[PDB]
Each structure stands twice: as C-alpha cells, then as structure tokens.
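Number of protein chains: 2
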Amino acid sequence: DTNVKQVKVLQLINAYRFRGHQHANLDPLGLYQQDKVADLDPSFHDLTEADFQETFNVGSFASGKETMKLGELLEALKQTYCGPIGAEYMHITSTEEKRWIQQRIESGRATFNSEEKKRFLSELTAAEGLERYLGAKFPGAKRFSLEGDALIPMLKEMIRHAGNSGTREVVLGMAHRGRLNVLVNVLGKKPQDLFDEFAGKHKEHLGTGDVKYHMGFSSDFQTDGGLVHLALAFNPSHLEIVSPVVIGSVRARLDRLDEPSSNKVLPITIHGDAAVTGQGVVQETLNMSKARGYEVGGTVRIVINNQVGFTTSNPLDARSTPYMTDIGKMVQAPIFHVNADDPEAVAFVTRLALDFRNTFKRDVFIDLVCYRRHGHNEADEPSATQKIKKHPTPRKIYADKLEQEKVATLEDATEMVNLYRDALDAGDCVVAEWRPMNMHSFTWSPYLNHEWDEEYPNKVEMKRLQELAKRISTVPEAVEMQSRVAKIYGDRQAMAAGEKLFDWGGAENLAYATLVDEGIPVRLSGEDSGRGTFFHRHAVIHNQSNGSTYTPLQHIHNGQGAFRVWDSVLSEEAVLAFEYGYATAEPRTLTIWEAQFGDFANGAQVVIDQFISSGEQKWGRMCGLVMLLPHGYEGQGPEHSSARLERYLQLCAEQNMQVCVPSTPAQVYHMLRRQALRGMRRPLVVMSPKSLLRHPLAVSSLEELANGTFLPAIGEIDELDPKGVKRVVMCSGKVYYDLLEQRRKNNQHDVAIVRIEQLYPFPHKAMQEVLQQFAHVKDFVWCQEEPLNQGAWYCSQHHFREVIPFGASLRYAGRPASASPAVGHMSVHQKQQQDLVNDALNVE
Amino acid sequence: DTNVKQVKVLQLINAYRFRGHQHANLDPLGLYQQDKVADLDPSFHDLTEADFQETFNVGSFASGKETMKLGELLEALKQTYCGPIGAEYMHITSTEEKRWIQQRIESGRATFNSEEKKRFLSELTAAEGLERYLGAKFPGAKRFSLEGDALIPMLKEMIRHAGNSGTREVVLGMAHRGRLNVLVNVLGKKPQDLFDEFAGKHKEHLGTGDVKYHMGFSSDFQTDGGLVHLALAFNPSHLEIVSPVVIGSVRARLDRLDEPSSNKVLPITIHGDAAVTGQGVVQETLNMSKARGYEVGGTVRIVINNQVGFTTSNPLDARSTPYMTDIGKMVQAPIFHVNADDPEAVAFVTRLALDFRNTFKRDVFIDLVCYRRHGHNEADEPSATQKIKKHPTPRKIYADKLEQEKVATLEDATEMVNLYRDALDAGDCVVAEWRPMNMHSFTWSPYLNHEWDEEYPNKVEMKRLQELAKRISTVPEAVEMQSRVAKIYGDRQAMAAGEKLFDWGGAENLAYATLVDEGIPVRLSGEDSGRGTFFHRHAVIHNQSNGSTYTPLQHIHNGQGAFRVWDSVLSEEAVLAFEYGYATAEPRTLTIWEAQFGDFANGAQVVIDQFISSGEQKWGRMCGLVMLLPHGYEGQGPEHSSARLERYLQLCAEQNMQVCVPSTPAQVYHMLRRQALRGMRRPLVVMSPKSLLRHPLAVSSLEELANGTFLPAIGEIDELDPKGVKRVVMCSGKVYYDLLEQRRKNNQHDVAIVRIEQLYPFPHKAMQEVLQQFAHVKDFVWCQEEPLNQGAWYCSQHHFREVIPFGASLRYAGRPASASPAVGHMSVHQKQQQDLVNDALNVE
Ligand SMILES: Nc1ncnc2c1ncn2[C@@H]1O[C@H](COP(=O)(O)O)[C@@H](O)[C@H]1O
Ligand SMILES: Nc1ncnc2c1ncn2[C@@H]1O[C@H](COP(=O)(O)O)[C@@H](O)[C@H]1O
Ligand SMILES: O=C([O-])CC(=O)C(=O)O
Ligand SMILES: O=C([O-])CC(=O)C(=O)O
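Just so you know, the sequences run in chain order B and A.
All letters in the first sequence, in the order written, are residues 84 to 231, 233 to 470, 476 to 933 by the authors' numbering.
All letters in the second sequence, in the order written, are residues 84 to 231, 233 to 470, 476 to 933 by the authors' numbering.
Source of the hints: derived by calculation from the structure; they are not laboratory data.
One or more of the hints may lead you astray.
Given that identical chains are not distinguished, each listed pair holds provided it fits within a single copy or across any two copies.
Stated by the list, open to error - Here are the simulated DSS-like pairs of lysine-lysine, each with C-alpha atoms no more than 27 Å apart in a straight line:
| id | residue 1 | residue 2 |
| --- | --- | --- |
| 1 | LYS181 | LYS161 |
| 2 | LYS478 | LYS576 |
| 3 | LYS867 | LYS479 |
| 4 | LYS88 | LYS854 |
| 5 | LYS225 | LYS920 |
| 6 | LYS920 | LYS285 |
| 7 | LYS576 | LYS476 |
| 8 | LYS285 | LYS274 |
| 9 | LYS834 | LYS812 |
| 10 | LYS445 | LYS201 |
Bound-form chain B, shown alone:
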C-alpha cells in the first residue's frame, strides 16, 4: 500500500529520465521556452504530490545515500538532468551505455577546482576580448562573430582531456562562423598575420587565394599528456560538406599509424545552426560513422545551436524538428544539450562526451545552445525580438559568479582583459602552448611544385610482373568460386601465360598488384566496387560455399602496400568528400573512387567543383584522387550513360585537374601508375568505359606493359601510307574502336585515326609528335560519340586549333546536341551511331 508509490515514482523517474530535458532551462536569453513543460513530466501532475516527508531509496541495494523525500529526489535530480544541461541518452538501447551515463551524471557531479575556473573565465574573456578588438580596429568586414563564447573553453578543455587520454592528433572541421576566434585563441594562429590579411595586401601563396575565414590551419599543442598535433581542415563557402572531409582526414591519420587504435586520433566537427538538420551530408556521414572501412569509432561532432537560421526566429511549429539536432537519434547516439550561461556545465559535458567516445567507440553530439549577439555582416533584423541588448555578456555573469564564489575579483578579470589586449597589440602568439613544426609531419615535402611530364619508374621487370599476375590469379581451394568468376580468373591465368591479351579488369588489378608490392598502397573505396560495377573487377572473391571472403590482393607478400577495398554505402556525395579527406592527408596511398555509373556520380558536385578542382588554386592544398567514372554511349540509358565531361572540362584552368580517357587497358595501367608514383598529386577523372570491358579488341600485350611507356596521344597503330591519306580523325573514347571497326571493315586507306588518351593538360608534345607523319593533310576532324555540347568540343579552341597545321582546317563530327546526352531508345541510338560513324569516314 506504501510501496506502490515507491514503484510509481520509479516509473515516473524513468519517464523523467526519458523526457526531462524539455523541462530544462537551455536558452542563455530565455526564448527557447515552451509551454508544454508540465505534462506528465513532474511528480505533481499524475498521481503523486508533495507534503509527505518520507520517500525511501532504491531499497535493499546499498547506495550509501540518505534519500529522504521525492521532493528532495526531484530537487536533487532536476539539479542534474533538468538544470544547466539536458541529457538525451535514455533512448539508446545498449544498456551498458545507459548505466554508464547513469553512473556519470546522477551519482556524482564533477566539481571543478579554483584554477580551472580561473582559466575558463580567462579564456572566454580572451575570446570576447578578441572579437571586440577585431570590431575596434576593423569596423566593417566579413567577421562572423562568435559571441556565444562557450565554444572556446570547451574546445580547449576537450583538447586537454584528450591529451590526458593520449590522443596525438585531433583534427576539427567547422563551418564559417566562430572561425577566427578558434584560429586565434585555440590553435594559435599568428594574430599579426591575421590583422595583416584583414588589412590586406598579403603574399601568402602564388595561388589565387581565398577569403580569410576559409584558410584552416595546423598547429602543435602542449597538454599535460604530451604533444598534440591538431589541425583545422579547409572549407569552401558551402557549409556542412566538411565533416566527411574531416572523417576522411582521420582515417588517413589512422592508416599512417601502425594500428587503428581509434582513441589516439580524434575528429571534432563544429556544425552550423540550421545545417546539422538542414544539409543532407550529415545524414550520409553519420550513417557512414559505423560502416567498416569508414568508421573511426564515431566523432565528437558539436552543434552550435544559434537558435537562428540566418533569417529565422523561434515560433512553435516553424521549427522543422523539435530540437535543432535530432539527427543523432538516427544512430542511437547520445545527445547533450548545454547552455552557455555557465561553462562549468560545458566542461562537464565535453568531458562526458570525450569519455564516451574513447570508451564505447561511437559518435557523440554536443547541442551547444547559445545566442547570436551581432549579425553576420549587417543588422539583426529578421529575428524580431532582441532581448540581446539587455542580456549581459558571458564573461560578466561568469566573473560575477566566481566573485560570489570568492575566486576572482574585478581587478583580476580587468587585468586579464588588459593583458589580452596587450598580447593582441604585440602581435605575439596568443596561445601559450604553440610550437614550431618539424619536417617529418610535413609529409608533403617531396610532393610540391611539379609538372605532368616528369619521369616515374614505369618500366616493370617482366618476370616479377608475371609473378604478380600468377599471384593475383591463383586462388586457394578453400574459397570456392562462382562459375563466371572462375571463367574470368581462368582467362586471366591464360593472360598470365601470354596466351590471351589483357582485357580491362585483369590489367587493372594487375596495376594494383604492381603498386602494392613496391610499397605504395591503394585504397579503392567506391560505391559497390568490391566486385566492380559492371562485373569486371572481382577483387573480392566471395566464397559462395561458405560465405566468407578472400581478397587476392591482400595476400601477395608481407611488407606489401596496404590495399583495402571498401564497398561504400550509397552516398555518392559524402563518400567522395571522405575520399578527398583521405587523399589530401596521405600522399602515398593511391586513393581512387569508382562510381556506379557516369551521371550517377552527379550527387557530389560540390566536392568536385569546390574541393578537388579548386583546392590547389584557392588554398594551395594538393590532392591526387582518381575518379573512376563509367562513360559510354551503348544506349543503355539517358543517365545510365555518361558523366558530363564538360563538367570536368569547364574547370579548364592552369593544369589543375587532369582528365584522361583510357582506351586500351595498357592506358589504364600507365594512368594509374602515372597518378600513383609520379611525385605530383593532382586529380584524375578517368573515363573507365563499359563496352571495352568485354571487348575483343582490348589490345594490351604484356610487351605493352613492361617496355610500354606513358602515352597521352596514341597515333595510328595500323599500317597506312600517309601520302594518299586525305583525312585524319582525332577521337577519344570507345568511338575509336567503333571507327576502327568501320575502317578495317571497309578497308579504307586514305584516313588515319588518332586517339587522344588525355585531355585536360593540353597535350602539346604528344599531339605534334604524332602528327608530323600526317602533317600535309589539311582537313582534320574531331570525332566523338558525345553530343555537340558534350565531350571535348569546348576544349577545341584552346588547343585543337593549335595542334592543327597552318595550311589546314578542322571540322566536327559527332552527335548533334541534345539535353539528354543519350536518347533513351536503342533503335534510334544505333541508327544515329552508325550514321555518325559512316559520316566520320566520308571522303571515300
């Protein structure tokens, strides 16, 4: 009769552990408050009340406590769950996690000593002093004021606590706002250079530069556990694309270690206000946060919940979700709502989150709710109600709290402000732990300032090459194959014996085997490329008799290159930024990316347009990814057909990318080793075709791989007398073979065909060396199988009209331009295909 209220308050306290966080006080100004705060939440609503003076504890379990009253229970517990911080954790089903968080945030509050309180007030006082000093000198600029002020102490506290738990390199990517404050007061960028580039006239690099709030920065940081090599990743004007970049960066920093002890490398990510729930890249990347080959045990990603949206106020249902970070209930990841009014709470919360990520290896969020004092660039209008003016600064209330706590007086905080302004006026480095950088962490020292025509050790010893073929083809008899897989491997065993010529797939993973034994690893991580998309790689043989897998490239010899294929989850726009961040933080590993189809790789456009094709000219950051893109006009579809090639050729600028179209498999051999061990890291977008995978003219002998060389522009392979030749046909892609299968079909001698295997670095030497044998002929053509807008026809005026001789002319052959690059119907497709091929060969 009296224990029914005991179990009833156990029920209500469990349901108050579920949804106690919406009764909590989170807004630093007090406009996040809803009216639905007393509805089955407290004791007083349903069946219980006060004025009892008795409530016993957990009972027979010896807690050692003096729990006397349910009013005392809720008053002690609202000071834990419902106070400055809310804890959205009870929905995780893993009971070890639940009891671990119960052991942390209920039984014991981590009370801080006096010196840590002093350093928190000092550091956030320094943060707000920095931004007011920036307003003092430079009045009007793209400043992106932080003004929430809780970010700096919790960043430095989490860096200190990661130092005490041994995390040697922790990299953070973040959005545009709060940039300069973390660059100065956390990492320790040189403030005088920052004020110089505010004042402009800066000579940082020979590239085209970028605005001052995009350049991230590496630094060395001293904690009580040792040195910490912490970096800040780059960022374009787009938001929220940087978290797959930074998870790529930490997987690159984990593979350069001997062992992926995932506590030793930490990604942080600071997200925007309405972009952790706005942008769809975070769905893919925290989805990707537990997939094998992609996970780093999660990340401590932090949401600055500004309670703004660059125009939005806070009504009831104009808010798209109830909290602005509910995404972290996709995976059963804990969320922690923390205000800015008391950074004791944010220290406690980021200690809890870092302890969580280092113990149970899953991503944690930090809901950092705070306000926005000034604007982006102009007035704080479209958020109407401004309580912000009569709301005090965080250093004022926190210093007044610690003055009431008998720690720091007005003289102390005033001396801190004046010290900090003097430190900024000096131009000295602000952070007291910044160090100079040694050369070994500067791993990109042999990979700077090259041109595409360098010499790389292309020639391979033929005996070792045949041994690589016979090791990647001979498969142990435990892992039972599939019949078509067995036919492919028997055929490439015949290719190893010199019987059959190389088709595409055998030559391509032979190129993999040529890389991985010398010591240069390869990470291919495409979508669904463990077997290839067109059934033409099969680098993972599934044992269809047992179920386990065997990779015949991970068993060549010990001391090899670390080759790991990862079939991606279906991201296509945040797997590519992952392979960017893996590619720009390790120059050794040849990181290639294979889409499922051509224009199915159109999702990552921001990653192509603003990272990989603008990285060198904006930041001076190098990247050597390879984009294996399918590209074909067989007629299988309108957008199963082709990636947009001008979307990799309207980036036509100063040897930045390099698009190249391998026709022969000898070309894909030389292109992957041209990218791998050259010395320059600039992006490939290779047009890895479809019809040439199963084609009986894949002309690739093993003679063409040992003594074969790098070829950008393969001229005529047949025998033709150039005196009678009245036409040459410059054409790239499969259409050559189509033209070839019409030229030798109708034995036409007065026209030669020249392929152009590489397009973007304007092949001058390679084209003029293969046209001195066909120079006297005037009228050239540029065939293609793409439409007239598509292809490389708007690269013609750049260099096709200088490859041409003087007394000579050019004209066009190709499909006439249509919006769909391929028509959907097969009959009209082959009709205009055959008409175009028999139009390209005209003068007979």
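With chain B held as given, fit chain A with the ligands onto it using these hints.
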C-alpha cells in the same frame, strides 16, 4: 509482496514495448536474425519466470479481459508486437500517439474476411505471374524484378482505404525497382504498349525518350469511396531525389484546392534498399516534412528493405545502422517493420499507417522487409548465401495458408494464374478500375508546343501600376518597421511618385504585384528570401515592436493571386526538387527559387542536370521554374561570388532552358512576366546580381515598364555617332555598367556597348536588329567579368560567330581562366578588374 511482481512485469512489458521488435521474426528467408534477442527482453531473463498459473490484469481498470498468466500475457503479446510485424513507436514522446497505437495494435487484431483474403492472393499471384511472364517473353532486359510481392497488395489496400477516407488524388514517387509491376498491376498501364516498348520501335513522343522503367504514369482509379486520381511521378537514373519531387507535387495539388485539407491529397514514396539510409536527400525532405509552407501533414513513405545493397550481404557490423530505416527517428515518426510472408500483416500495417497519417498529420514509415529473388540484370553472386532457391514463392505459401483456412483450393489459384496470363496475352488493361481521362485534369492543355518569341500581355496600365506600387509600399501603422526597412520603403514610395528611379527590389516586387492581381500567383520559396539574401527584398516586414509579421503582397485585394513566400530550411538540394514538383504540377503559379549565393546553389546539381534541363527532352514533361541566382565579381569571395554559368550553358540544347541576365530592373520586370504569363513553361536561370541592388545607375523609369517591352539584347542607350565608331563591346552582367562607368568617365566616342540580356535561346532577331546601326565596324569583342573558361564564351561558336558581320572579326576580353572564378584577395581583384575594363576599351 505479490504486487511487486505485478509492477515488475509492468516495467518489463513497458521495456518490451520499447525493444520487442528486435526479438520479432521479420526476414522472409531467415537471415536477418541476430543472437542478441534474449538480453533483458523476455520475462525469463531478469527476475521473473514461468510456472505461476497466476498473473492478474491491469487491476481496478475494467478492461473486461480474462488475463490469467504472464506466460499467457507474453504469448498473446508476442502474437501482437513480436509476431509477423514489429512496431517501432514507443520512442515518440507525444502520449496521444502512444495510446492511439496501443489502442490499435494490442487490444484488437483486425481479422480479415474471406473475400479480401481472396483478392490479396489473387493480386500478388497476378504480380508474380506478371514478372514471370515478362521473363517468359523477353529473356534479357533491364527488368528490375520485384519478387518481394508484398508491395502490390498493400499499395492497392492503402489506395482502397484512402478511397474510403476521401483522398481524391494520391501520387507516389518511387525508385527504379518494382517499377513495372506497379505500373501494370496497380495503376493499370496498357500492357500491350509496355510489351511493345520492351520489343522497341516505339513512337511515343517527338522528344528523345527515356528507358521504359523511368516513365511514370497517371491513371484514374475506382474505389468504394469514389474516383481517385492517382499518378506516378517521373524519375531519372538517380535514386532518392524523387521524394522532394513528390512532396512538391502534393503541395501543388493542395494549393489548387480551395483549402489544404491534407487528408484529401496523399503522397506515397517507395524508397530503395540502401538509399533511405544511404542518400542524404531524405534527411532534408523529412526534415522539411513539418516546416510551414512545405508540410503536407507528412507522408506514408515506404522502404523496400531488400536486405541487399546491390553488392552487400548481412554481417553484424557491416550494416551501418541497426535497422536499414532508422531515419524516421529523426522526427519522432512511427516505424513499422513488416515481413512479406503474410500480407494479412501488411494490410493491417498499411491500414494503421494510413489511419495515422490521416488522423495525427505526421509522416509514417513502412519497413517492408523482403528478399530479392533474381538480380538487377545478372547473377546473384556478391550476396553469397542463397537460401532463396529452396525458399518458396509468396503465392505458394499464402495460397497454402488459405487452403488450410478453407478458402481457396489449388483449382482456384490455378484458375487465377491462367486468367491472368490470358489477360496479359490479350493486351487488355489489367486493373479493373482504370478509367479514361477528362480534359480538365489535363491542365497543361494551353501550355504545349510554343516558342520563346510569343506575345504576352506585357503592357500595364500606368494608373493601376502606380496603385500597385502605392499598395505594396504603404504599410499600416500597427506593424512598426525597422529604420533601414523604413528608408527602403520610403524610397520606393518616392519611386511610386515618379521621384526616384526604380532600383532592383522595388521593381522586382512590383513585378510580383503586377502578377498577383491579374490572377497568376507567385510562390517564391528560396532559402532565406523572406527579406532577400542581400537585404534587398523585404517582402516580409517583421514588426520588431511586437514580433508578428506583415506581408504587403498578401493584402492587395480579395480575389488576387495566392502569393506565399517561404523561407526554406537550409536544403539547397531538396528544396529545389520541391520547387520542381510544385512547378511541374501547376503551370499557373510562377514558382521562382532564390539561392543564398551563386555557387552555394551547387548542391542541387542532380535536380538541375536531370530534372529541369532534361525534363522536356527525356519525358516530354514541361517545367517553368525560375532560378534566382546571385552572380557577381565584386570580390567578396571565391565561391560567394558566382554560380557556374557554363553549368547552365553546357546544357546547350534545342531551346530547353533559357538563361538570361537582367541588367536593368526593367529587365527583371520583363523577365518575370515573360516567364509568368507567356504560355510556355521552360526553366529560367536568372543571374540576379549583387552590386546592382545598391547601384546609382539602376536605369528603370516607370515609362520603361508601362510602354516598355520585352528586350533580349539592349543596344546602345547613349548617343554615339556610328561613323566614327571602331569598336563595339558585347557584354552581359554588371560589367556593362563597369564599362559604362569607364566609357563616360573617359568620354570615349568611337566604341559602343551592347548588352545581351538573354543568352540561351540564341537571340538572332534581337542581335541583328541592334547591329544594323553598327555593321560596318569589323572587330567586335565579347567582354565579360568572368574567367575565360567561365561565362558565355563557350556559346560563342554557336551564335556569336553568326551575329558578327561578314567582313568582320571577333576577339576576347575577360579575366584569364582560373579554377577559382574569383580570386580571394580584394586588391588583386580590383587590379585585374580595372586592367580588364581598360583593356576592353583599347583603341582610343
Ligand atoms: N595536399 C597537401 N599539399 C601540400 N601540403 C600539405 C597538403 N596537406 C597537408 N599539407 C601540409 O602539411 C602540414 C601539416 O601536416 P598534416 O597536418 O600532417 O597535413 C602543413 O604544412 C600543410 O600545409
Ligand atoms: N509539365 C507538363 N507538361 C505537359 N503535360 C503535363 C505536365 N504535367 C502533367 N502533364 C499532363 O497532365 C496529365 C495528368 O494530370 P496531372 O496528374 O494533374 O498532371 C497527363 O496527361 C500529363 O502528361
Ligand atoms: O550563409 C550560409 O551559407 C549558412 C547559413 O545560411 C546559415 O548557417 O544560417
Ligand atoms: O543502382 C543504383 O543506382 C541503386 C543501387 O545501387 C541500390 O539501390 O542498391
């Protein structure tokens, strides 16, 4: 002593309501089973056991039940929560929803009568008979076999139950697989035409066509509640981009109703296997599923959990999330796991989901777990373990169940198969409820087959125009303005009196007012465009004294056009597909889309490349969106600067889009009414600039709007003698005014400037009519402020070299090509800016 076990089993049954679904049996073949199924889940694990023969019921609450045993309790309850279906619902915090689902799925199981059982077995028997017939006639094709077979009966059951609850038009977008089965057996496409286009040689439209599994289809369906106008939206080869398209389509079908009673229009969406958790568009669109101006009360979106990922098997932690649809815990939306082994369960579940969406107005998911019998196109290899061969077909087990239920024998089901094969052999329409279509639902009847030079009633009565200005400018004195807002509105009141010329923003919402009174509504729904992105629209005046809003375009007169501005959530790639689906399902409303910046609109590339610029040529589907894109080289940033213009001009094909760059605000007036009330609906991508918003040469008199006309190519506005003129400068964008502010600065008479306000439909008449006054001059130039790759310089060979006279020449002026279109540093930016302008004016 005996009630402690009562409250303990209440605790364990609540915790079994939370996580009872992972103990449930869901896989139709039995390879989704985990070992962590007995861990605090049942009674037997923690503190309770069997062999009691006593357990009382809820107690004093009169349930009217005979609940005798906790073993009986769990055996009755596992037959509800843990049986053929799992119910992931308890995590929603709204207690009305919880008690509603508790009232549905536990206190009563909806047992079906005999005839509904017969029609379910008949319809799925027809589905599997269809796909085996397709395999029988046509052996090798892009078939995308359904073979899970539960989708057809639950679709038709939900259509019937929506008919009984009055839903007049329900549109579904879906992925590639399961396409043809729903086209035949649900909507009722003509099967003979489907077999004809399998056989090919089809003449469906004059456009370029698309593959047979992309063309969606409209149909009229008969239920017991009335006619239902159900459509199937189009889809490119990309996946998962179609759900914002279909939510755009239902918001268009709700605004054509008088009132948005959201039960009467239903979106369904069928998602892919690894793409409801893979692709990031669903994050944005179910985020967007409760925002005002975007919500339709949610949607019943359905996940075909194939348990494949086009290569992936099912290991433990290779699965990125525990369930393949955990996304619907972003919003607190219920999820329902349903197998395929008994479509009684899927009927019960889709009735529950449709009752949920029609009652409480929030999105529901359907986790439809089922297997994949055959492949996409080739062998079922990279999923190794194939239990599928010894697993029976669904019609076999379901017919054998109902034979055991004394309903349908072997003769009955065999007669159903033979009837269905005869119906397919006839070429008759399969569905017995398909109807012909009337003309009024064919709303696009006056909007077909036009060209861009039609006449639209451009001339406006000047008195009514000035009245529109004085109504959009005069604001009632309750809604107190902001000071800069008050200065903008006072300035445009001066513009109304003919005192000040029109700048951009006053002329642009004057164009809005010109549209909305005549009867043609405008939906501008950009990101953060309720006030404009560059503070230059202010179409929502926030009362900064009270907090509520006032829109001076929603208060012109009664009987107006419905004008509704919606500030988007930060989507940029699924707000645009929403405005596509709103634009392609209502031709009346001028639906424009304003990005925050130029290349911040690069996220939606798939929506631009495969819907709006390929819609007319692939499907023959028309769309008239407008893309308000900022575009400027002030030097504010490298990618705050410009949208890629060739990314709207490498779509150069057959009058599909129309890019146009308004210089004067008179041009933006004529362009928005050129798109609005012309009669053709083809997409604009307008380059709405930045520096011209605050520019003292915004030459737009009210003379230029009443008697002003449509101008594609404005020639020289100043007075120049063409006999001495030795240069003309064709240039578009702000650079004209830059050139103008250098031409009249240095009083240079021998060079005229000609703008080209519209680029993509090759302006033949407009350019040759403005060059007959400057024809004798030979050397023309094409200035621009964009780099040499960027701009419209790879539209030059298309028509700039035919606008040119015969005895004449062209050369280039512009920025030399760089990867970043704008350099990041302001000093070198103005340096090359001034050098380029003084290079464009050379011959003096
Ligand atoms: N792709 C790259 N090209 C040139 N330098 C780089 C690249 N990535 C990193 N660095 C340099 O590497 C140093 C930092 O080391 P880490 O943090 O290991 O990349 C800095 O000097 C960076 O500029
Ligand atoms: N943008 C469009 N252009 C031409 N016809 C359309 C368009 N959108 C829908 N239709 C036609 O409208 C009919 C279906 O009506 P509704 O479902 O209301 O669009 C079909 O004949 C469609 O082809
Ligand atoms: O300006 C941007 O791109 C980001 C933005 O809209 C926001 O975070 O509110
Ligand atoms: O082939 C596609 O584009 C879709 C895909 O990978 C899947 O649904 O597994």
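Each hint tested on the structure:
no.	hint	in the structure
1	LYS181 - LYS161	both (18 Å within a copy, 26 Å between copies)
2	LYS478 - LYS576	between (76 Å within a copy, 23 Å between copies)
3	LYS867 - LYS479	neither (80 Å within a copy, 68 Å between copies)
4	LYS88 - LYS854	neither (89 Å within a copy, 88 Å between copies)
5	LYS225 - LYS920	between (57 Å within a copy, 21 Å between copies)
6	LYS920 - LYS285	between (60 Å within a copy, 12 Å between copies)
7	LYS576 - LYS476	between (74 Å within a copy, 24 Å between copies)
8	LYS285 - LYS274	within (16 Å within a copy, 70 Å between copies)
9	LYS834 - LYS812	within (22 Å within a copy, 60 Å between copies)
10	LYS445 - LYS201	neither (32 Å within a copy, 51 Å between copies)
Hints 3, 4, 10 from the earlier list are contradicted by this structure; the remaining hints agree with it.
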